[PDB]
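The chain that follows stands alone, in the form deposited in one PDB entry, written as structure tokens.
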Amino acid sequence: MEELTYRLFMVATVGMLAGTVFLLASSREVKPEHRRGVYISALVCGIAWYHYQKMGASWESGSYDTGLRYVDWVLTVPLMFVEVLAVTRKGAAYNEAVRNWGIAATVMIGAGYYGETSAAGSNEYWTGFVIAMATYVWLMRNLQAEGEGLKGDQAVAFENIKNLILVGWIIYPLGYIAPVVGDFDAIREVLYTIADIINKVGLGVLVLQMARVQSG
């Protein structure tokens, strides 16, 4: 799994760049008023492109640890919520959710990092898990509520955005927990890398599809 993990970091680098350039190029296919979420999506993929290059270099030198992923997540996880809010909200409601969901997302990642940087199964490990998991549930519940007012083709397009996050993000807390039940550290890195490509490029593509619906 060592060679596979390193090779997947390179695959992710290419995938994230491909997503960045796809989203930037496609941004003109929607009306200006509907582009902001597409641009944010492209920025998320570009940040992850930058970080997978850093994480591959760290792997080459033997200095890699899972904690390096958190430098990416602490910026990209809040921004992914923002890219959803950019297609679902306007005005004061947008500013309020960006603030509240962004704070929650940062707390989730920081609490996770506190637990990540301790021995697995330690008190700190569980403390970080409980706080991050509560925040995660709070975020997922607020994402489920976001669809309540949409109709027609926007409701369908939002359903896809919501479900990619609801299903696709389960792996992150699952991977955090699994090593206390079994020898799962190695497969955790493989699955997180695959998941990041699906979640980041996929969310951008689905935000673009929503913006196409809104423009049409």
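Rigid core (definition): largest C-alpha set, two forms, superposition within 1.5 Å. Numbering follows the first chain given and starts at 1. Compared with the form deposited in another entry:
- After superposition on the rigid core, the Cα of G152 moves by less than 2 Å between these two forms.
- Superposed on the core, the two forms differ at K31: its CA moves 2 Å or more between these two forms.
- Annotation: Cα of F184 displaced by at least 2 Å between these two forms, core superposition.
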Given for the second form:
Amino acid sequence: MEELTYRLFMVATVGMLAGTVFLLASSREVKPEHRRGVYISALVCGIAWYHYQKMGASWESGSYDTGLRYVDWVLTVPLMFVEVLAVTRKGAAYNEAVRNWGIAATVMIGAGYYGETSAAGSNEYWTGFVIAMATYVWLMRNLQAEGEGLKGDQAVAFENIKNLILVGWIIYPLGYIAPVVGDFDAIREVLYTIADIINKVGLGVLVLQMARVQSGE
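Starting from the form deposited in one PDB entry, produce the coordinates for the form deposited in another entry.
Next up is only this chain, free of partner chains and other molecules.
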């Protein structure tokens, strides 16, 4: 389980670099005016690459620091919302959502950190879980209500972004509780790494598909 967890960090390290550079090279496939989302997805993949390098070395040391994962999440999740909100919003409406979602994300991730760095099953562990789950549900319900005014191909492209988030982000709370269901500490790390690859690489690809639709492809 330990050696599988290590190999998955290394697979995910190269996966995030490939995400980064695949998206940068793919930016020539779309009109300059729809490229900003692709550049941000590459920056999200790039921050993750940098932290996955650290997390792999941290795991291989025998003294894993979950701080490296949670710092990755506090930076990348708000960048991922900057992308999604830009499909449907501009001016004050964009700035207010980015502010409000950004606060919610930071509280979600901070609470998770507080609980994860407590003993599994302790009142601290559950307090963290419940406060993060509530915030998570607030974000997902906000996300579900975005894009009522989109038409045709742009509407379907955005629905694919939303469904990837609505389904892919469920893996994080499953990872968080893995260590109470069994003697499976390393399975938390496995589930988080798979989620990060699906969610960062998957979102990169769907943001690219959106940039192609908006370019009239």
